[PDB]
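Note that one protein chain of the assembly has been removed; the remaining protein chains are unaltered in position.
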Amino acid sequence: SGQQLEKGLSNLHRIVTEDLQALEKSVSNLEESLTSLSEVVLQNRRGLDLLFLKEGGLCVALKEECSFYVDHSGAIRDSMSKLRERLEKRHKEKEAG
Amino acid sequence: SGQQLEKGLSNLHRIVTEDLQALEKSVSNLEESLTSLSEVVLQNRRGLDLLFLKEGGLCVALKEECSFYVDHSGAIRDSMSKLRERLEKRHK
Partner (left out) sequence: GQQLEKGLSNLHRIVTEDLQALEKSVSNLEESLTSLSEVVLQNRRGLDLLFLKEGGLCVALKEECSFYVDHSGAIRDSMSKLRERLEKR
């Protein structure tokens, strides 16, 4: 029935939106955590550079190529903020369905 | 075509479910890795506080405000556990 199918479509939309919201929220929590941890790590490394000051710093002291952090904070937060906008609007829309 | 639309709804449901499960598994893997890394980092920091014991610890020695780790593990694990339950219970 057409009205039956309308309700199934609305119901599918409602439940997929809820699952996408759970993922957006979790991805944004991971970004916040990971960025905060990167600040802890680079502060730890500033401490190591001071302890190794005589030897030219941590990476020189170890005689190794210096590893560096790859920061995607801006891109993830922009992407997830636009996703939140879409999901929140779709969520209020389907409260009527 | 009403019958075909019904199969269409079910087909879309199946396909989205498989993609949501892929993201759920990867989010959960990322959370396990990130949480394990935070314990490594904090252990490294305890070692640095030992090395800077006479200067009052790492952050005093550097004359900086201490950076703070923001932990969301419980919230991420609960969000994803509930999402796995909904995905599984609707699987028909």
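Should a chain be cited, it is by its letter among A and B, assigned in written order, with residues numbered from 1 in that chain.
Going forward, contacts are C-beta pairs under 8 Å (C-beta built on N, C-alpha and C of every residue); 3 or more make two chains touch, one makes a residue touch a chain.
Student: Taking the entire complex into account, which one of B:25, B:82, B:90 or B:91 touches the absent chain?
Tutor: B:25
Student: Which of B:34, B:59 or B:83 touches the chain that is not shown?
Tutor: B:34
Student: Please output the residues of chain B touching the missing chain, sorted low to high.
Tutor: 1, 5, 8-9, 12, 16, 19-20, 22-23, 25-27, 29-30, 32-34, 36-37, 39-41, 43-44, 46-48, 50-51
Student: Take the complete complex as the reference. Which residues in chain A touch the chain that isn't displayed?
Tutor: Interface residues of chain A facing the absent chain: 1-3, 5-6, 9, 12-13, 16, 20, 23-24, 27, 30-31, 34, 37-38, 41-42, 44-45, 48, 51-52, 58-59, 61-62, 64, 66-72, 75-76, 79-80, 82-83, 86-87, 90.
By our rule, only the chains that are shown with their structure count from here on.
Student: I'd like the Å distance between the centres of chain A and chain B, where a centre is the mean of that chain's Cα atoms.
Tutor: 9
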